[PDB]
Every structure is written in C-alpha cells, then in structure tokens.
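Can you make the complete structure from the sequences, with help from the hints?
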Amino acid sequence: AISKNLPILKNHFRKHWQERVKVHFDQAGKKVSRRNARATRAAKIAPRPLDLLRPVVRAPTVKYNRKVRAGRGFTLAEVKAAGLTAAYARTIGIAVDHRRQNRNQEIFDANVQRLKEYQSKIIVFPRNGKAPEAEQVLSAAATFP
Amino acid sequence: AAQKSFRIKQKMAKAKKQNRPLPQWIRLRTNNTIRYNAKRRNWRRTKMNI
Amino acid sequence: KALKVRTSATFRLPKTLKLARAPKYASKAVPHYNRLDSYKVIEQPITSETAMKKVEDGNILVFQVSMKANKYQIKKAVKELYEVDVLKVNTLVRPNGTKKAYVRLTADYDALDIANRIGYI
Amino acid sequence: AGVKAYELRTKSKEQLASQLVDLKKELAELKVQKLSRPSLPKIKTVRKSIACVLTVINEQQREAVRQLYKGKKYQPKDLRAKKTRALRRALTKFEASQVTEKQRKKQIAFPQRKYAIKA
Amino acid sequence: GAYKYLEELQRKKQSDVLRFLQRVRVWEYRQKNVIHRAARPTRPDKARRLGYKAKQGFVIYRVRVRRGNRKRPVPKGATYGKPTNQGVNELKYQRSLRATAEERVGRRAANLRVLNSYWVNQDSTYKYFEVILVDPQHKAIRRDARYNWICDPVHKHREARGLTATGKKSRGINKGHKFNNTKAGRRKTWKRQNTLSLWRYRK
RNA sequence: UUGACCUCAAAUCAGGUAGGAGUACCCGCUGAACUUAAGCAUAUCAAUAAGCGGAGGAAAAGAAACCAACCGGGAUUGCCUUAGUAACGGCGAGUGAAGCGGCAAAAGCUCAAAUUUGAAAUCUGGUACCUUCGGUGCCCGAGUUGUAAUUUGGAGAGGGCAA
RNA sequence: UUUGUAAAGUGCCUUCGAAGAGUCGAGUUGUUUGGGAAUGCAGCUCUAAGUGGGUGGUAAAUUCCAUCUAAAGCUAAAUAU
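Residue numbers (the entry's author numbering), protein chains in the order written: chain N, 2 to 146; chain n, 2 to 51; chain Z, 22 to 142; chain j, 2 to 120; chain p, 2 to 204.
Simulated from the structure, these hints should not be mistaken for laboratory data. Take these hints with a grain of salt, some might be off.
What the hints assert, rightly or not - Take a look, some chain p residues computed to stay more than 12 Å from chain j by CB distance:
#1 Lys-5
#2 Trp-28
#3 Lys-33
#4 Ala-110
#5 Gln-138
#6 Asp-145
#7 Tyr-202
Said to hold, decoys possible - DSSO-like mimics (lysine-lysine), calculated; alpha carbons at most 30 Å apart, straight line:
#8 p:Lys-54 to p:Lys-33
#9 j:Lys-49 to j:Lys-14
#10 j:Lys-43 to Z:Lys-120
#11 N:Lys-64 to p:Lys-179
#12 j:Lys-32 to Z:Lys-49
#13 N:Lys-16 to p:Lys-184
#14 Z:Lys-89 to n:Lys-17
#15 j:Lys-45 to Z:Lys-89
#16 N:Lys-45 to j:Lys-115
#17 j:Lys-94 to Z:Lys-100
#18 Z:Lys-74 to j:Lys-26
C-beta: ideal position from N, C-alpha, C; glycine also.
In structure tokens:
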C-alpha cells in the first residue's frame, strides 16, 4: 500500500465513477454545430449584428481590478446621459443592465463615449420599409473593442 | 379436463392447427432456409402448459 | 315558520328528476352495419361422408356456422337463404374452433333436393 | 378484375346495396364450389370486391354526415381531427397568440428595430 | 382599499377575535372530510396574493394533513443494518406537510393544476391548508395570457415535482453561498461535479 | 304563504379532463448493505443501487432578501481554471465545494397591495349568421367577499405647465 | 383598408410612493453538508418588524458600515440524452 518514496496521492475514485465518465468526442463536431448556429441566426437577424454592445467595466477584487472588461449592460444613467431612453436602447441593440450603479467617473465617461461612438456608427432602418441593405458586420464587440 | 372451459379449448384448437409439418412446396421457394418445422409439439414429449 | 311532520326517523335522498340524455352530437359518425347477418352466419356446408350420410338419410343439413351465432340466428338464416322451415338445431363446436350446425328440416322438405340445389352432393 | 371504385362512386346507396347482396351470394356459391375441386383462386377476386363496396358505402355514409355537421361546433369524435393526443391538448394558435393588452402596448410602442453597424 | 386591514388582522393570530375564529373554524373543518371543496376562500387577501382571481375555473380545496414526525416502516422497528441507520421514531420527512397537502389534492382533482397553497388552521392532531387549484382547459384560463402558461404540458403536476411555493423552498433552491449543494437542483449539481470530464487531448 | 341568498347534493344533465405505456437524459421523495478503514460500532461506499410519485424534447434553474469588500461586479445554465485548495474527518480511512478570471449563450418580465365609482368599462355558455383554430348580435350565468385598464421596486401614481 | 379626436414616449415643478406572516427569526430534535458554537431541509415549540428585514462563513453584547429585497409568478439558447 504505502510504498518506497512517493508522495501522498489523493484520488477520489472510491465511487461508481465509471457510471459518470463523460468523454468529449463530440468537441470538434459540436464546434461545427455552433458555427452553423452562428450561421443560421446570422440569416435570421435581418442584417443586425449577432451580439449586443457590452460596456467597459472595471473588474472586482484586488487580484483583477488592474484590468478592464466587457460588462453586461449600460446603466440607466449612462443610457440616459447618452441621449436615448432605456427601452429604446434595448431595441437599438444596446444592452442595458438596469441594476448596476456608477460610482466612478472614468468608467461613466468611457461608457457614454462608447454609446456616442455606437449611435454615430449605425444606421437604423425606417419602420415602414424601403430597406437599404447595409451588409452586416457580424461582431459588435470586435467593432468597438 | 374432460369437462372444460371455453378458453382452454380455444387454445387446444390453435394447438391442433399448428401441429403439422411443413407444406411440401416451401422447400422449392427462392431463398429458403427453413428445412423442417422446429416447433412440433407432441403430447408425449412437451406439455404445452395450457 | 311551520314545521313539516316526519313520521320516519330516517332522512334519505329526495326524489329528484333524473333527466334523460340529449347530446349535441352523435356517439359515432355512422351507425355500423349488420355485423352478423345471414350471409355471415352460415359459411360453408360440410361434405364429409358422415355429414353427407346424415343429409341423404336423416333429413338434416350440416353447415359450418360462425362462432358468434346461436341456435336462434341459424333458425332464421336458413329460412332467409333457402326459404325452408327448420326444426330443432344442434350446434357443436368442432375441436378446431368452428361451429357446426346440424339443422333438421321439417318433413315437408327433402334434404337431398335442397342439397343439390345449393350444390354440394 | 372485380368492381372498380370510380364506377361505384356514381351509383346511389340502393344500387350499392344490391351490388353487395349479389356479391355476398357469389361468395356462398363459390365457397360451395371450393371443396368440389382442388383449387379456386377466383374467390380472392370476389371478396376483395365486397371490400371495395364496403369501403364506398361507408365513405358515402361518412361525408354525408360531414355535411350535416358542417361549420357548426361539436362534430362527432370520429369526424374531428386525430393528429395525436398531445396536439388535441394544449393551446391552439389563437389561444397561444393571445397576449395581455399592456404587453400589446409594449409591443407596438417599442418593437425590434432592424439596424446595421456600417457607418 | 380593504385588503390591508385583512392583512393586518391576519397577522395578529393570538388576539381574542382570531383565536375565537380559529377555534370555530378548526371544529368546522374537522367535522368535514379530509380533502373537500371550499366554496369560497377563507383568507381572500392571502388567497388573492398567491393568485386567486375570483372568476370561473379557479377552485379552492381544503385539506387536513396528519401532523407530526414520519415514523419509519420496517416491521417491529428492526432495520437490519448498521446502528447508524437504526432509528425508527424520530425521522422527520424532508418535504413539508404543505407539500403533502398539495400532492393529495392534486391527486384527487387530477384534471386541475395546483398553483399554490396556504395555511388556514391547525390543532394538535392535524394541519389544515387551502390549496388554490386552477382548471387549465377552461376557456376563461386558456386565453387572457396572464394565466395561459398553466395550460402548457410542462406544468403537469407542479405539486409533485417541487415547483410550487413550498416545493422550491423544501428543495433548498435559492441564491446564495448558503445554498451551494442545491442551487441548480441538488442532484444535477451532484452529478456534474462527480462527472469525470475527459477531453480529446487530455487536460 | 311565495320569492331570493348561502351551504350541500343528485342526474346514462351539456361539454370537457385525469389514469396506462416508454423511461437513455430530467424533477422530487425514500433509501440500504457488500466494500474501505489491512478488525469494528462514527465514518466510507453514498446523499448511491433498489422502491415510489411527475414531466418534456429537453427538464431543471433564472431576472438577485446574490457575490463581494474592490477603482466594485451584475438573472440562470454549461465548459476551462480556482482545485485535490479553504474546510469536514476514531483530524484515521478518506471526503471536499465557492467567489473572482477566460469562454459558449445572452431576453427580459408578470400579479397582490391605491375609489374607474359621471357609470364593471371584464369573462364563460347557449342560440342565430359568417370572410368558422375564430368574428358579430341577443339571451342567461360568473363576478363586485371584486373581473378589466393604470403601476410593480429599475420605478411609479394623482395633479400643473410647455412642446 | 388608414383602422384614430385613440394610444405611446420625452422635459420641469408639487403631493405622494401602497410592496407578499404561523412567515422571517429563535430553542430543541432528526438528517445532510466541505459549512467548522448548528450550511440546507424538516418535525414540534415560541413568534416578529417597520427610516424595517436578510446576508457579510467562529457564539455573544455595543456602535457603525456595506449590499440586496424574502415569505407570490412566467421565461428561449448555451447544457444532459
């Protein structure tokens, strides 16, 4: 059992662990599946980009707050200070996080500038029609990095 | 038995009409592997258990 | 304000109006036809030499009758098909599961002179 | 050969009834002749014929009932659709397209605008 | 409005009025069956905020459940195992009594769908509940989309999969550091962290 | 005395619905012991197999009475890492998560609680018609022990003002 | 067909701003957890509150802070097969 000169090995295999082995042979296969999803959705969305905008946001706890990160959505203050309302921002393609609050000025100004650079660099089709087909960019996060 | 219900006699009727060899003409038929009847139930060998 | 007298000391369900049925639609679309008619009551005659002996001698037709029929429906099907009166009927169940009807005619009709009219002889 | 279906769909009920009674006499007079000769394939092509008549009569008796419950509610259970048990269950297209009037106001007020990030 | 007054009266249950009404109603409900129909809710404020829109196709049942611990089976108190798993008396039944009441009145009324249920009364022997069942194929429910989601075939027997108001409580489902063993449902987050994840290129 | 109300019934009343099967995956209850500890009574196997109740093409979960303690993040789920870690354990045998981070996918919302009171404005059923998964009229019924409209925590309501 | 003197949104001021109880929480008991002076569930017993409540992973009081709203509900795709 315990033997010659070898570390203590902890291996959590005293269960029926062969009932629950999940090997991922489908990996590259599922990749093709997801890419077809991002083809199929990219035919449906009427040429709008796939993803919505996400805000510049400052990371949590002491290890990670040196970086900056794509958040969830713009606040109800950043959206309102961009000139447009909340539900209209939802319809434009601006993702809105209703519950986060701004207590920083650089992040607020970066998000408002990000909304200005977005709202200036889109064109919105009329409700009625005549539809000038504008050749979608698939990624909105890569366009505004 | 010698004085029966109907259901058991109905199954005896089926057990009679199955107790026969192959028709002689099937052994000439195309793609045939059936060379005899592998379900001949006799009364001295196998009791059918109703 | 005034109380009804009750001579019994037992209370039971009041006699209420059990209403009839009047559906919005029929139970099934088409009422099914006659499942067991005279064409399906008798199926074949029987031409064993014993049955032919009873035909030629005992004035009795020997038919193979369907498993659902009874001595009433056979006493009616022969009169409907062959237009001949029918005495006592005797139906056994053959051991291969098909019913056998010994139908005895009256003395007015000859069993051979109807057996060659139906064909089997 | 036997009878054909399009030739029976022109005849009335009274002609189909006598057509069926003649063929059921034909079965009797062939089942008598089946035993006095070694083989008789012809009986196959008479009993199929009775099947054909028993289709058409039933068909002409069903669609007539389909015209006496036409358009109204509550047609019988063998005339309404089958499809499966689980589709004869939960909401139809109307009862699942129903939405409350507040959310109709919110669908008309702010619909999904078709946009594009180009310039 | 008049529901704040009923709410504040029902929050004071050891006052003289509510203990008289408690005693009269516990007698009246004990004189009837176990599972029986209530013509009208006895707590319209508390029925109403659980979802009782009083119209056609909403049904109140009232139900007693036998009170106390769950005594085990295994005849004559012998368990035939270790002395760990050897107690017979003091076992305590991981679901609530309110879940037992909901499952029983969802088995009697089996065409109906249970929405929620609430406490009405208790004595030493029984607890008494009112369950607030919805009839899903009535046409006043199959439209007007505030309530047609109960028409869906995935909501069959909510009370017996733990999806009512006391089901998700007694399944331990909530957000938190406190609910870690059971937050996505206990047994899926058991099987996904005793799964051996093995890739094509072994990490 | 006749008419309502309430509560409870009866009908082969009008129209509906439930059971049963399959169970690979899912949601719960209930629940062992072999075994490991080189013995065994806690432990371990295992919150497992067996038993039972319930669904679907996925189910469940889900828009924070959350995580955090940062320059704060933002519903849920899943993957890689955290991590064989912090912790539990005759502190033995063993057991053993979570926040952060990268990614896949991202969609948000609804009742109760406020007199609409110059007007239940709501809903079901029957009957008639039709451009009949539905629409209109009329007539009963539900319902004010309260159905609709307005609002739902991020806001919002009643007023006043200018677009 | 133009469904319509209807609906919707935006700005300023004033008075407000209703928010779920035998439930939260607590004692004991069984069970479970990695949860350690009690992580979750559950039985009984006691039973709230309103500038309140819950959580902030060693019990307790005192003074602050932080962060979200319970005890009612719906919901695709990623996921398992």
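Going through the hints against the structure:
With a least CB separation of 24 Å from chain j, p:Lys-5 remains clear of the 12 Å interface cut-off, as annotated. Distance check for p:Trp-28 against chain j: the nearest CB is about 42 Å away, which clears 12 Å, and the non-interface claim stands. With a least beta-carbon separation of about 34 Å from chain j, p:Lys-33 lies farther than 12 Å from that chain, consistent with its non-interface assignment. Every C-beta of chain j lies more than 12 Å from that of p:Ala-110, the closest at about 18 Å, which supports listing it as non-interface.
With 12 Å as the threshold on Cβ separation, the claim that p:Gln-138 sits away from chain j is violated: the shortest Cβ distance comes to roughly 8 Å. Chain j draws p:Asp-145 into its interface by the beta-carbon criterion, the shortest separation being 7 Å against a cut-off of 12 Å. Distance to chain j confirms p:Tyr-202 as a non-interface residue, since its nearest Cβ pair spans about 37 Å, more than 12 Å. Our distance criterion of 30 Å between C-alpha atoms is met by p:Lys-54 and p:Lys-33, whose separation comes to about 26 Å.
For the hint pairing j:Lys-49 with j:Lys-14, the CA-to-CA distance comes to about 19 Å; that is within 30 Å, so the pair holds. With a C-alpha separation of about 26 Å, the suggested pair j:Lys-43 and Z:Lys-120 falls inside the 30 Å cut-off, and the hint holds. In summary, the hint linking N:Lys-64 to p:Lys-179 is supported, as the alpha carbons are separated by about 25 Å, within the 30 Å threshold. Simply put, j:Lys-32 and Z:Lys-49 have alpha-carbon atoms about 34 Å apart, too far for the 30 Å limit, and the pair is violated.
Taking the CA atoms of N:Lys-16 and p:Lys-184, the gap is about 23 Å. The hint holds against a cut of 30 Å. Distance restraint check for Z:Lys-89 and n:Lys-17: the Cα-Cα separation of roughly 21 Å lies within the 30 Å cut-off, and the hinted pair is therefore satisfied. The straight-line distance between the Cα atoms of j:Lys-45 and Z:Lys-89 is roughly 24 Å, inside the 30 Å bound, and the hint therefore holds. For the hint linking N:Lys-45 to j:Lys-115, the alpha-carbon distance of about 11 Å falls within 30 Å, and the restraint holds.
For the hint pairing j:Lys-94 with Z:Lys-100, the CA-to-CA distance comes to about 60 Å; that exceeds 30 Å, so the pair is violated. At roughly 26 Å between alpha-carbon atoms, Z:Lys-74 and j:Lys-26 fall within 30 Å of each other, so this suggested pair holds.
When each numbered hint is compared with the structure, violations occur for hints 5, 6, 12, 17.
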